[PDB]
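In case you want the letters, here they are:
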Amino acid sequence: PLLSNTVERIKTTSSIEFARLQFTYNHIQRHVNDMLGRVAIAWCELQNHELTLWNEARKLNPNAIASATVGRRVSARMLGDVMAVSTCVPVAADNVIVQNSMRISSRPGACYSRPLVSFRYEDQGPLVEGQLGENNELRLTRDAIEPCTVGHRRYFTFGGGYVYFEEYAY
Amino acid sequence: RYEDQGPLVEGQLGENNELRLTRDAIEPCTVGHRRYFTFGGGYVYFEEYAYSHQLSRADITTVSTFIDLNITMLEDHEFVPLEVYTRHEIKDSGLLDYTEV
Amino acid sequence: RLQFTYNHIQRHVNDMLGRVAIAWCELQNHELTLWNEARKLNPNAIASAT
Amino acid sequence: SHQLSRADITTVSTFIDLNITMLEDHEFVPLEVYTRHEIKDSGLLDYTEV
Amino acid sequence: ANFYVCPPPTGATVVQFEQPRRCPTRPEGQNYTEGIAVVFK
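Chains A, B, C, D and E, in that order, give the protein sequences. If you use UniProt numbering, the first sequence corresponds to residues 453 to 458, 491 to 654, in order. Going by UniProt numbering, the second sequence wraps up at 704, each residue one higher than the last. Going by UniProt numbering, the third sequence wraps up at 553, each residue one higher than the last. Going by UniProt numbering, the fourth sequence wraps up at 704, each residue one higher than the last. Going by UniProt numbering, the fifth sequence wraps up at 150, each residue one higher than the last.
Hints listed in this document are in silico derivations from the structure and should not be mistaken for laboratory results. Heads up, some of the hints might be wrong.
If you only want the chain E side, here are some residues facing chain A, beta carbon under 7 Å, derived [said to hold, decoys possible]: (1) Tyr113; (2) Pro116; (3) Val123; (4) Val124; (5) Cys132; (6) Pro133; (7) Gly138; (8) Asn140; (9) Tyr141; (10) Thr142; (11) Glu143; (12) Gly144; (13) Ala146.
The following label-pair restraints were derived from C-beta to C-beta distances [what the hints assert, rightly or not]: (14) A:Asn619 to C:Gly521: 17 to 23 Å; (15) A:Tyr605 to B:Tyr654: 36 to 42 Å; (16) C:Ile525 to D:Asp662: 47 to 53 Å; (17) C:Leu530 to A:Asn619: 43 to 49 Å; (18) C:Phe507 to A:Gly645: 23 to 29 Å; (19) D:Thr689 to B:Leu685: 18 to 24 Å; (20) C:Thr536 to B:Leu685: 54 to 60 Å; (21) A:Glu651 to E:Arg130: 50 to 56 Å; (22) B:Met676 to E:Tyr141: 16 to 22 Å.
C-beta atoms are modelled at their ideal positions from N, C-alpha and C, and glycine is treated no differently.
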């Protein structure tokens, strides 16, 4: 051994290749274990930091955050430091009709920021009015209203593509 | 109170175990008010702007924000001395050995 | 043969490892734009972590 | 008031240090416990030479 | 290509984020003792 200043006859195998393989495997194993371990460590620390982003993203738009964080399309609500969740009801695309005009005929100067829709839960169910939401969700209350502005050009997700509106009109 | 013997200091709770000195968090009162707030190692549940009760953290369903990456170390492996034929075998494979003869 | 085996495994492991290092650096450099808005949303939490 | 150089401000890292180091090249020398010769000479007599 | 109708959430179903795990640590690190060796066969 070194430190830096800081009655029987033994039979030897004719092949060293077991030892050399041992050295090869040990070197590769040590390297892969070290790096992978670091990866795993950096992965855990990555999500540990990511939770800091997630705590504010859940405040930004709780529905989208909950959907993924849970694994099913759900709607969430901020009730202080937690989110109340509720599963959404699926609806086929064919049961949605987009009203062309977003101007309010009863209030000049105020008009809808997000498209209005008519939807039915079932093919024979009653027609229900509402407004389209973000990433194919349906809002019952048409309260997304803003003052009308010049140069209104918008896209909104719809089914498997997008629907384009000009000047508060389809 | 900052210390066990210090005066009682009023305020309002903050986010993630924070204490604020200013009581300015005001809003219009609304019907159907239910709230949860982190407190120590668990939660506190309030209803209608009134304290309701404490909850342990395990009492609330927990959803994983994390992506599971399961890295398992390549286990240690021992290579034993293995030979198809030992030296002696090959020596004995000869029908005659001149030395022995 | 051990040289070939080690070289092949080393070249490969180094390839992806280097790709994971590249992707990790790109991942952070990509995350900073998220972080700069997070720090505005709730400076306390991000600061504590950073 | 005044401009400042960037280094005048304490730097906090929003990165995760993932520190991947390449598996260095390795040369396997010809190593034999016994060479072909040693094995030939290990015989007490060689009929050829005798 | 499926739409969803989301009712207002209620306090009946409450979910919470996971707290950060205790991240793994590097192994102890092999204690290697340098030395000079003579291998006999």
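Hint by hint, here is what the structure shows:
no. : hint                             : result
1   : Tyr113                           : 4 Å, holds
2   : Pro116                           : 6 Å, holds
3   : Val123                           : 6 Å, holds
4   : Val124                           : 5 Å, holds
5   : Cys132                           : 4 Å, holds
6   : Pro133                           : 6 Å, holds
7   : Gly138                           : 10 Å, violated
8   : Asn140                           : 12 Å, violated
9   : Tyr141                           : 11 Å, violated
10  : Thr142                           : 6 Å, holds
11  : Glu143                           : 5 Å, holds
12  : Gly144                           : 5 Å, holds
13  : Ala146                           : 10 Å, violated
14  : A:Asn619 to C:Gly521: 17 to 23 Å : 36 Å, violated
15  : A:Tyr605 to B:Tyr654: 36 to 42 Å : 40 Å, holds
16  : C:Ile525 to D:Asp662: 47 to 53 Å : 32 Å, violated
17  : C:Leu530 to A:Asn619: 43 to 49 Å : 24 Å, violated
18  : C:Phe507 to A:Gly645: 23 to 29 Å : 53 Å, violated
19  : D:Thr689 to B:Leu685: 18 to 24 Å : 21 Å, holds
20  : C:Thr536 to B:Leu685: 54 to 60 Å : 56 Å, holds
21  : A:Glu651 to E:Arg130: 50 to 56 Å : 52 Å, holds
22  : B:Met676 to E:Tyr141: 16 to 22 Å : 19 Å, holds
In this structure, the hints that do not hold are numbers 7, 8, 9, 13, 14, 16, 17 and 18, in rising order.
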